[PDB]
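Take a look at this single chain in structure tokens; it is the form solved without this ligand.
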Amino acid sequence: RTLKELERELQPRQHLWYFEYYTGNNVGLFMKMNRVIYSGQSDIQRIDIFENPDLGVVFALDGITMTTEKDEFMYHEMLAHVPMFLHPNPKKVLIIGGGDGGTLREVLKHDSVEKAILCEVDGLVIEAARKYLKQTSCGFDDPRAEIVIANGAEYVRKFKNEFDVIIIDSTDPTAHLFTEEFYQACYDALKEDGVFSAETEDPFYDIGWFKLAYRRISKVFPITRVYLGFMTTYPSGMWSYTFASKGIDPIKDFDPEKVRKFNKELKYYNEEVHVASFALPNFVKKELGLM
């Protein structure tokens, strides 16, 4: 009998583990690994893709959990649909980061989209996602999608009055995608009625960055509003996103009917959740100075 002929379904045991340390290295999440699908190193970072019995395929960058098959929909739907539904007719979209493709997948559900550019700094992330993260990279081959390997901060400044929507995802490191000038470049790249959303992390372990991102975005966009969503495998489980625009109000200019009549599948986002996500608990309001 040959090697392949002798192989059987791999059963999970209690010897292989993935440890994700949170900011501060005092708390973290651990996951059992049934098998490791891919481990690669680029000039930028390390990529690991493995299988967990409960969460399915897990994608991590430098030991930080990026996506989980069981719950990535929670994150991608909130990051993408809030600004997409708020825009009156989103045709040209720019997504910075999001090498896994999840945000692109959600953006492509909107029929108005004519072109969606996915700007990823690491080519190895795109190649690994295309081969091993099928659930999220399914939009890579869509004719409306254009994948560009570049630093988002450098790429966005090449455009002026070009995009309807700009979304900043979390897969791209920079030790650049969070400076006031970067947000100003995003503002300038957007059209007069353009909208924006950026993942702004957990107001718990990453409170310092959360406050900094809000402050910087607010210095550029007249409308800057934080919204929250559950993210069952991200640090603390309380994730924040920051919606921004040149005038469109996330509550006052929201049309629930657009969501109710939507012709695509949504596993998290809905009209009540859109409005509810903008309600901030007292401790978050205090951190942002919103009383």
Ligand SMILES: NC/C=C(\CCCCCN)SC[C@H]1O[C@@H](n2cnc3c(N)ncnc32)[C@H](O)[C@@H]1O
Contents of the next structure:
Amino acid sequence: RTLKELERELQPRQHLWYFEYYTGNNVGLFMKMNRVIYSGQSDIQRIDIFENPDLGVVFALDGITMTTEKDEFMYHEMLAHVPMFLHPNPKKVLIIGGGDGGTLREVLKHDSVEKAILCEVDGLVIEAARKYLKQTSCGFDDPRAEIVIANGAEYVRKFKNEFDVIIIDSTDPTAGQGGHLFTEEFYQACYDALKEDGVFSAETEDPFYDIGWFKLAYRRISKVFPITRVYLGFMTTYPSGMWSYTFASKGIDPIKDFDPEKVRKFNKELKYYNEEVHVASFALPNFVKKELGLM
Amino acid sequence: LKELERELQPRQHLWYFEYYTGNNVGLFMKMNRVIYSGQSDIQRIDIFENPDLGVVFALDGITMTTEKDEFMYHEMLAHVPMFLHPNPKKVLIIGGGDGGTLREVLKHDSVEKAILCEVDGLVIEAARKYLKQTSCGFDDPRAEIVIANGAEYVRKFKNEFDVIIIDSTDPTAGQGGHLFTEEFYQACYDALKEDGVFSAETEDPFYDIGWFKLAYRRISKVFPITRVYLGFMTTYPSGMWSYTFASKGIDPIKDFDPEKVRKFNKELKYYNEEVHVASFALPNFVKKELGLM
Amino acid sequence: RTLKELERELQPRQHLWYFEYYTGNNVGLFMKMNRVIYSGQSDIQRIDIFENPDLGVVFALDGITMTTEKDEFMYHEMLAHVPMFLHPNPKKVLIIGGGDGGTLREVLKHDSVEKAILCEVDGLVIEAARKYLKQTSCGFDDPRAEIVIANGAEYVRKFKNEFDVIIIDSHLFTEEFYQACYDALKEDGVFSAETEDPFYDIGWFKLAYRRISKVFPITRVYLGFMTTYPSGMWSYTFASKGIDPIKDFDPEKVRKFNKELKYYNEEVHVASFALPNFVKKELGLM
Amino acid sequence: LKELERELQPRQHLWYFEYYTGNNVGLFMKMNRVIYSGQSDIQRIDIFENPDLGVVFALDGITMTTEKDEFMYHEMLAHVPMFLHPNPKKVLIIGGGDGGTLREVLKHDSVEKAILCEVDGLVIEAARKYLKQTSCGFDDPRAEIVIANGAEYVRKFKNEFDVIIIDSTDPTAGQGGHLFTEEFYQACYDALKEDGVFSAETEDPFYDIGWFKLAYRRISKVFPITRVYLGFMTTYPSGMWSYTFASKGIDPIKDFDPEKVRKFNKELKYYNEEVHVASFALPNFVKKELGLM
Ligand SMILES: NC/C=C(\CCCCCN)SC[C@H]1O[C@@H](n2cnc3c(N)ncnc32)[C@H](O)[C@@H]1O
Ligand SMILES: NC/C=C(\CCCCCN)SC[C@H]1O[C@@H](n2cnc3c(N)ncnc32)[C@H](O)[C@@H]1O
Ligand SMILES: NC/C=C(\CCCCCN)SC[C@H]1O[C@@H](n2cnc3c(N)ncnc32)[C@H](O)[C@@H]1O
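So that was the form solved without this ligand. Now I'd like the form solved in complex with this ligand, please.
Following is the full complex, with the preceding chain placed first.
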């Protein structure tokens, strides 16, 4: 008999675990692993993809949770739909980071899109996502999607008055090639690469374990864009579960220029984002307002 | 020994592991020191110090409060129904042995009497001794602390309270479950005055989806107005916590007066007027689980 | 550009771990995992094979550590060589369990062996060992080796006055099973069974000894270090129909052995039978 | 509060993790409660209760003693040299603040003076209060506790002691520690009388193979007779522990009289005549490491 003939459905036990440490290394998340699907090392970072009984397939970079099959929609829908719905007619989009493809998948739901560029620094992440993370990488096959392997901070500088929307889907500033995507100069390059009525969004971490970088990202973006507003969203497997995103534009206000009918009439599936959540996400708790210097 | 002791420094050897429902995911925290470990006839109490979260309080290995973020939970559970009530004078809080909810309730000058009904006397005593940050309202003359099963205690009252807040452990944890039956919610309804309001912690709609749904269905079957609101809770399972507001007619949005919150003469670290309204906007997956979509 | 073309040597971090809980679930061993080589489930149990930076390839069954490349020799040499060297001319050997192949590998070092049957209950363990545990399964293809997929307690009762040596590697602990091994051995046959650590598994250690002692006239416990098994103190039980492990031991056979031994030697053979007081007390040997 | 307290039961939330050299493997233990955590100017002390092992004492997250099995280590470290000496009257023990080695040494009626030289006074104080199983001999009229650095202390003596035993010291400094230098071993040699004997714990020849080889090499450059012996130690890294016996002529096998052990009037839970001799039989890998094949 051969191995395959004798194999049965793999059942989880209490012996294999994934431990993710949060900034500071005093608190973290642990997950049981039924099996490890892939472990790879590029010139940039380490990729691990495994299966958890409750979360499904989990993707991690350098021991930091990037996506889980059960809840990635929460993050990708909030990072992409806010700017996409606010733009009058988004045709050309640039996504920096997001090798898993989730943000690209959400952006592609918008019929106005003619070209979506996914600029990921690590080619191995793209290859691993194409093969093992089909839930998020389904957009790779879209005729309008173009994948570019490059450092986003260097890539965006090559363009001026080119994009309608730029979305930053980066790792933590201290993780991997992240950090390059957090400079004031970088944000200026994004501003210069957008057209006159362009919009922008960037993941700005949890205002809890990563309060430092959250504040810094907001300061730098607000110094470049006339309109800069932080919005929050639940993210059930990210550090603290309280995630922040920063919307920015050259005039379009995230509340005053929001047309709820665009969302009500959307022809694609949305598992988190909706008209009420859009406006609600901009309501900040007092401690967050205090950090940003608002109240 | 006393002369030789120095400030205790954290290492990587002592840990607290909190398993979430299902035992497949959990949270881990480094422990610099264990302040107290005690066992009552009901459950086990552990209070320890974590370098980032400060003092941590756990019941049967489940995180109850953290010095760094407990305000997020307590402010949302308490201030939503308190600010919606026209003039809350008499309040009943079931559970909440740590005292956080009582503390928030006491910030409203309108309160003349607030009963804190905790089932475990050991929790009250541990909170008084080690959790000063949340048990600060224990000596307030308006506060009355009683030890009893809230499910039975509430039955002593009819047309008595302006606000009833359920600050309970999980439906499967230490004496909980008594606080999640339809019989219980009806008694809460009966214990409230004609225009009374209500709030109850209804778990995270992620690891504890089952109990979240059941709590909503049971509450909605008793109260004419039943609405779920959400809030961030940085150290609770999933970080997405739900609370269910209920009333005999008062609407959480339609009858909300943002001015009352703006002119509030007390400190609020999470809750505010825009957050109050925003907390009721539910993401699609939550609406779907509740049959609201 | 290509996936394989972008891959580099995998570096160990602090996020993947293997936790082995000991009997009682109050203490255990943890190991960092650089990668998981194989995870599979048979009708009988779960197999996990992974790589640890210090121990090398690690093989676990149902979350219990079975072998480690760094130290498996300690266990396999003590379980196998004590009975093999004590037998005057071991030609036919039966090994029950030992799916990894380690005991089989040690037994095959003895030139007198003509046939060594490896009776493993789970075929998936044999196939996984053949593919991923080359260090221990190297004897699978030896013409003298015969692999049988069967329950050892059922398989052994098919034989009478057949084997010179029987070794029980980690139904296989009943008095009737031991009696079946006794009946399957020749008049001068010898036996060894791994009998656990007299620490976390003291209950089973005592029971195994009692049961073996009710069948074999000569029953003697010996001990050895096993650096990755629970407690590090492992016991083995030698048994026979007359051959004494100390009195009939010939040191010269070991001194002149022409095969590699990384643990076992003539001094260790005799020393392994010296039992600390707490062990003697547990077995009632004063 | 004490009136409400019941016997504390262990759950699955509190843990102690010990990392072995290399940090790729380690041991974890469940904690029912933490008895004492303290920090001296030298190291951190943690004493807790484990359901199977009883009271556990760890220094800087390295397991030093466990109630269930400390006898294995202390008996082998102390009894081998004690029974080999003709008439041990004056004994010096360096390290071992828990007191176990001292306890075993005191079982020998010939002893008139046994000095326990511990570098950290907090260890002695904590052992008195929380490690009664091992510190029971601290107040024996023949015992003297000295708080000092053993490398400095031993140099104050010449032709003074019958037996010197080096218990655990500075676990975190590894082979580079002050108690593993040729200079220190020479000071020990000089402090011993003409027919003195010596033993030192020399680590596990698995995770700490280098440290083990270094200790043996340095001890052997000083003493004419140097022999490694091994013992089981059920909660130490790898479970295979080594000890190095040394003397100015007394041979551990040629001068061993089993009758002294057989007639011993005190309790021994590990050590006996067969084990004495057997502990000197080294597996091939150990012999190769020491250059004895
Ligand atoms: N989409 C949810 C997870 C994202 C991340 C958010 C999860 C946060 C968790 N705490 S993946 C972030 C990706 O951004 C890439 N990224 C990092 N640096 C650069 C760069 N300089 N140029 C382009 N792409 C980059 C990484 O290689 C990674 O694949
Ligand atoms: N205040 C934030 C923490 C609360 C916890 C919120 C849960 C968070 C989970 N992740 S503590 C809940 C308290 O409710 C008490 N409680 C349980 N059952 C009863 C009962 N039948 N009658 C009265 N009080 C009771 C418990 O003993 C516990 O002290
Ligand atoms: N006997 C079993 C437990 C011992 C430990 C054995 C555990 C082994 C684990 N792998 S505790 C050893 C004590 O020796 C002390 N020691 C360290 N340095 C010195 C010094 N310079 N002079 C005197 N005593 C010292 C330590 O402070 C420690 O408390």
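Shifts are known only where both forms have a C-alpha. Rigid core: the largest C-alpha set superposing within 1.5 Å between the two forms. Numbering follows the first chain given and starts at 1.
> With the rigid core superposed, can you list, in sequence order, the 3+ residue stretches whose C-alpha atoms all shift 2 Å or more between these two forms?
Replying inline: Run found: 170-175, no others.
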